[PDB]
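Okay, so here's just one chain, in structure tokens, the form solved without the named molecule.
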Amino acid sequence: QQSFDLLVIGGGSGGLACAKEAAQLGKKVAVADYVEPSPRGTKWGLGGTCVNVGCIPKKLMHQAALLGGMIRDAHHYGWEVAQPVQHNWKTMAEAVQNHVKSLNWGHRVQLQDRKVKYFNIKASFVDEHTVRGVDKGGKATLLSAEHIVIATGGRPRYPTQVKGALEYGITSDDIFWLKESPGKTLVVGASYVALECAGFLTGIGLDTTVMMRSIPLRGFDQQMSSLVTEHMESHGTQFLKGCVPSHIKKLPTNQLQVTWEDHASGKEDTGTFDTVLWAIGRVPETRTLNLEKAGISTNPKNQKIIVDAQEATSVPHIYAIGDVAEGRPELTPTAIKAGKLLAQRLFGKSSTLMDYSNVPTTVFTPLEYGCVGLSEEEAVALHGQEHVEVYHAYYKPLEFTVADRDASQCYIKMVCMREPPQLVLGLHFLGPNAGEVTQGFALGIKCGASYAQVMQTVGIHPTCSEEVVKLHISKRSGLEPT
């Protein structure tokens, strides 16, 4: 159609927030969002990855597996539930998918009510102020605007040089939509996406195995990541440490013949699974954009979009947000706010910039891992072991006592500066409702909380989070942390 004050490419977490805000600021906004299906042929509605194949489905299926543990615990507190309790993938999927759809329609209604022309068209630049797009039936349509915002996020990544890879494998995109149970599954990866999925899969009774080339959750505090995987294998998830896939052969039975190199024992083993999921990192969606045709530089290694402290780029009126923006953390909350504030800066008269420092997060694994601030190792790198004090503790959730469920791995460590009052650099929590616990402490770090203040902060008894506040044993002291 004609032009708009603002045009947003990608109707997901970041983009939709930018549009809705701009639209709320009395500006004529337009958004184009197209869901190029997955190799396996999966596709979905408006809302981006988080809504359709990310946070939501993941968290809800995790909730499913958790409930399974809840039913065991149930009998300990007096609930005479017939223990031989099966779980069927169809019901769960049905339920999760329907909610996902509520969000699709929920967004369209929000875009309609704020009046934002929605073009389900996959964009690509032609010049510096215009884009061209195709649709379901494939037909061009001229679109331009003064300001443009790229919020195209990314997509899973397939392995290079692995026959059978595309032809038979599936990704995080396909799993939340499978029509029938994945049956026996092999998850290839060490990212949080990998761990979380094998986790709830194990939770719902599936034979699951994680294949890791090297270390777990690269990027996160290693001691905690270590504790996470240890909890997993101690509770059903099978692990293939130090292994890489080389090829997959489908059997006349339709099963998958996964062959691999085991760099930690022999040198090549093989297994048979019903599903093989590749969780090996994502790739920014810039390929199709023709960013070159618009003069928007991007960093070579990670095909992201180089950006300003104002999410700006090569061109002064073109901005990048979310998974595509280099440096920016791949989280839904940051993209939402970043884009929302960007709208505020453009036609809202605000001068506030997005602040990606100390962003709390939580990996939703069987035993949840929530953290905010510096990694221990990360802390000594910036200050030196000499100026860092680390308080830690193994604790036991009251609820775990009567349910008689293992408390190992329920560990908490708080990284502070050694000199008083000892500013807190990072907090790490491993246990039930980790995200629920970490959140509040994030405000503590954004405010500059100190260990001195932590000690003067009474706990809510009885709870797991109070343990965070009861921490007194440093690692330097050498004392037993239990």
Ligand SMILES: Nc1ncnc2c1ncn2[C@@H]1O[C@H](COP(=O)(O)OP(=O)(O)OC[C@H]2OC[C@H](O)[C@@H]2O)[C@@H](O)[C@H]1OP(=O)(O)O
The other form holds:
Number of protein chains: 2
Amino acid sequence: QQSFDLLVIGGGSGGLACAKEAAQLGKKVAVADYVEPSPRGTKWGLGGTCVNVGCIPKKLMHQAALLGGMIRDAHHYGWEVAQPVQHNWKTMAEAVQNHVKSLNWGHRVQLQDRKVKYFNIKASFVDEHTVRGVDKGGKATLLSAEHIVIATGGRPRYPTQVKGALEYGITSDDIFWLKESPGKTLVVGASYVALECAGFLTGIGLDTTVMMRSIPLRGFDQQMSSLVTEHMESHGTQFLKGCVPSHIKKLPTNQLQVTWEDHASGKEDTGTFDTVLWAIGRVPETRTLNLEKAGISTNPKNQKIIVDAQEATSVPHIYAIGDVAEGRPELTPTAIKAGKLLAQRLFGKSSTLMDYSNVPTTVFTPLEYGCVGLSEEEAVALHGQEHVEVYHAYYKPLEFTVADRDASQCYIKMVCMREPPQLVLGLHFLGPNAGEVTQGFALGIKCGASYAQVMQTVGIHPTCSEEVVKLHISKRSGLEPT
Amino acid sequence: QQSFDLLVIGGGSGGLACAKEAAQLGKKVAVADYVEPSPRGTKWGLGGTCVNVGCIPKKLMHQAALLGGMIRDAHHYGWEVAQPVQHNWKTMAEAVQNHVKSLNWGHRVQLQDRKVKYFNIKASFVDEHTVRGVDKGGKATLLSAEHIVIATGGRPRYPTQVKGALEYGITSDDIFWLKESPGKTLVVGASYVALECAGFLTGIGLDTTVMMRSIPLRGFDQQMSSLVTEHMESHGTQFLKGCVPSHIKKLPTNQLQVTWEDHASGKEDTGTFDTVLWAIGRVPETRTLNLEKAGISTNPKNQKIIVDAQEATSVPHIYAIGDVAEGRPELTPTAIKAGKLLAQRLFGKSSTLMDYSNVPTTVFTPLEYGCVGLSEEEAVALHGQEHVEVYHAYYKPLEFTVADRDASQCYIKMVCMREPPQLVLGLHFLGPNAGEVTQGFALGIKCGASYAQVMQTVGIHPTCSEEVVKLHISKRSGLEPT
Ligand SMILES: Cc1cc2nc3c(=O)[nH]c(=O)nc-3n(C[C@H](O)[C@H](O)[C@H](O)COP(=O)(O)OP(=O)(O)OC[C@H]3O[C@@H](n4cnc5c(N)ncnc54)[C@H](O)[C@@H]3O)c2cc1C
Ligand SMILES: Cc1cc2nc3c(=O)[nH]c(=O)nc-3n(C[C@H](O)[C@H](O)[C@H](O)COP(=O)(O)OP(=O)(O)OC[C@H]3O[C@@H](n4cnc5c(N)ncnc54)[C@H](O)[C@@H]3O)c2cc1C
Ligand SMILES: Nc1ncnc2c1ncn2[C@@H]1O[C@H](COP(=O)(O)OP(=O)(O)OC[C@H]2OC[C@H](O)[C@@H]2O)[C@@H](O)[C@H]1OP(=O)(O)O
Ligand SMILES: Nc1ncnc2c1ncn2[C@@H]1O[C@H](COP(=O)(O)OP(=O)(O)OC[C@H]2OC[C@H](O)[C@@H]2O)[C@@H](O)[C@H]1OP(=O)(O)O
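Taking the form solved without the named molecule as the starting point, write out the structure of the form solved in complex with the named molecule.
Every component of the complex follows; first up is the chain already shown.
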């Protein structure tokens, strides 16, 4: 409607967190949220990427995949389950989507409850105080606010140069919302999204292939990333390595013929799929905002908004947070916390800056990969090989023994300073429930734990996590880690 | 055979760990291990209580129980599993026992490999240097060693005053080794063993009742312990509260008639069961050792061996470790580490004492209960109510949402010093994979983490463990923790 103390652009992780906390500190607040449909026509309700097309539906479909492995395990443990059990996509999708819809509805209620006005409106900047929104019926509204927070996230990237990509392909925005099973799927890319989605698809019994141009998980510890794909490949996910697509043709059968260049052989290859998922990175949502008309600068390389440590862009009453802000982890919890701390600096007398250092993650691949702190390469880059010590182990989950499941690849490494007491720099855990395991150790890093303090931490037995506290074989010794 | 550098009595967690590490430091070592059958005739191979009748088979049968819940979850996630699935005890038991046998065999091999002589012999002290062992064929052997380590563990207690208890009842020693299903089971006691076993029995579909005289889990945080049983009772485990048995009669049908006094009503009650499991604590294995003949003192109250900080009893060349040693957590990892550190102080020039402070545990109840540090009561006892701050939360695992499972009771509390930065004193987590979650936070405690450092630790999303790092509602505020 009118002027506001705070207007937030983007009803997502960072923006809803900021809006709510601004409204709890007594402020008059608006949020504008609009979901522009994917090129395939997928759109969804309030809450942003995590809620609707990110962490939440991803985690749940991963769990669908894990549950199929649980069912096989169960017969070793005495359950007389009738054995090739079928999976129904539609039952899954339906359940997953219903939970997402309950989150859309919980966010609306929390807005209503805190008296935040939500405008289902596609905002762009008219000046540095003012924004024009257009609803789904083509109606324009004008909103201005004293302070503006842009938390507009990003969306899936499409390739250029691949004819048929835009017409026939789908992205992570569509996958969670498919009416029917995608059947035989090519996943193009090598990121955590690519590997996560490929993973759960293989896990629910679909014929799945991953096309990587180069390395898996660029920017993640490379020895870990390669364990993660080795596991995926032993467990039924196909990999086209050193391959890049060149065009897609839709066949009379509605199947999709993919042509690609294969750099490991030097030949062009072809294969036929039911679905092609592009998961080749994401682009920040800034181009439509008319940033120019507000004086809001963006780094041209990526299309992100340039911010300082207090989350301010180049216009002083204006902030950006989450995936749209340059130099920021693209994670929900960091966007949430940043939004909270910004609300609290603006309206709450707080001086607390957001701390983006040693943030933990987990990749929810079929075997999960949890990490916090430095990769081993970044450590040796920062400090020198001779000033680094690495403790490592292969281990077998107790639950894998009776289940007869493969623990090759259940591997942990802890990267440290070499001089005593050996400050821990990074932890890397591949195994079941890796995000459960990792979290507490992020606190140890925050506190400046050493390997000395790790040796003196007693294990909980029997657990996988205790193997972290049992680590004792150094890479420098060259002794057997299994 | 002869004299040895080190002789260990008890081929269990602490003793095998000590023997192996003594032998890796170049020493000539013997271990004597003998399993005296349970009153019901159950016996088993090398490795001690954890391997054969403790953590390992307990954890695996818990997992059997969890897998039955996984199968129900799976149909919500799209798996078309045929639904009341039956459980076969015998398939389970067989699998569990085979894995135990593989551990018995791995320990024999590791002894052989390190050239430790294993005497399957029931040792007792003839003097402070010398021990007589008697094999299963009644043959006596004499062994002496310069240093002796007693790591003889404990066994299940039987009640006095309950006629029929010794004849008809079984203990944790028997449960893992049953040929047939125990069918309808009364579990007498209120300890973690009682609640663990009751739990997995209910979980594999057996009609299960727990008889508690008093409180659940004496010595554990009482609000947590009561959540744990509330969950067990919502999920099909029956509880007779304030009840104590008085005798058991075997009926012509071979069923077991239990009479008890019920203190909450004041009446005697009766009920008929197929199995009665006594889980009313454990007694240290010292009475047969002829400790008297070595000068080795025991605390009369319990029958434990009195040790100092270096694990020495009252005879200087002689040590005790594990469950038999007074004032020591009865846990495998503490017994293992103590054995390692003792080997290293004796034969390795180390000065490192074992640290028994802030050891983490997990109770592997149907909903798992992980903790480390102080209970809330011990905190307020040590520091005063006005000098303590408690952060708490109810939460729902994401995986419970689609599965439609009950999260009442998924509760976390973090007990702190009240003055800033609010040093963390205790963490208490009830939820899935609680031992996975807890472990890293034990390291935070070891390092002296504060609540200030907890607020600045970023969550991994979506996980249960992140809820620990999200804690913000204090009991002092009186605000809603859900
Ligand atoms: C498939 C996938 C899996 C993921 N898995 C995880 C994970 O497991 N853990 C994790 O931490 N993170 C995960 N993430 C990343 C996480 O979702 C993001 O880091 C987070 O959602 C970013 O939140 P945000 O505040 O920056 O913006 P978003 O949640 O992206 O919200 C932006 C909102 O603004 C809207 N918007 C854009 N422009 C306008 C405008 N002009 N007017 C009005 N509204 C507009 C968008 O439609 C959206 O609603 C995943 C992401 C994806 C794609
Ligand atoms: C049902 C149950 C569940 C448990 N769950 C867990 C858990 O999940 N996590 C955990 O950490 N702990 C658990 N424990 C406790 C754990 O098993 C013990 O704390 C640990 O095994 C103690 O090891 P130890 O070295 O003291 O002796 P033990 O493993 O008990 O070994 C003692 C060995 O010595 C033998 N022995 C005794 N006397 C003689 C003698 N005269 N001559 C020769 N040999 C002799 C015994 O038969 C046995 O082999 C559990 C225990 C039980 C009963
Ligand atoms: N065109 C093409 N064809 C086939 N496969 C491809 C292609 N482009 C990328 N990819 C792969 O998919 C992944 C996408 O991740 P990324 O671009 O970093 O994700 P974001 O852009 O969301 O990340 C944001 C920024 O932060 C860090 C990162 O550098 C980004 O610039 C990546 O590992 C790529 O392999 P590749 O060989 O490793 O490039
Ligand atoms: N006779 C009888 N009838 C019915 N139920 C009973 C009976 N005796 C104990 N119990 C219950 O079973 C549990 C056994 O645990 P515990 O004796 O502490 O185990 P341990 O002896 O292995 O522990 C070693 C020591 O360390 C700590 C502890 O104090 C011990 O002394 C306990 O919670 C008891 O309830 P209760 O009401 O709480 O007594």
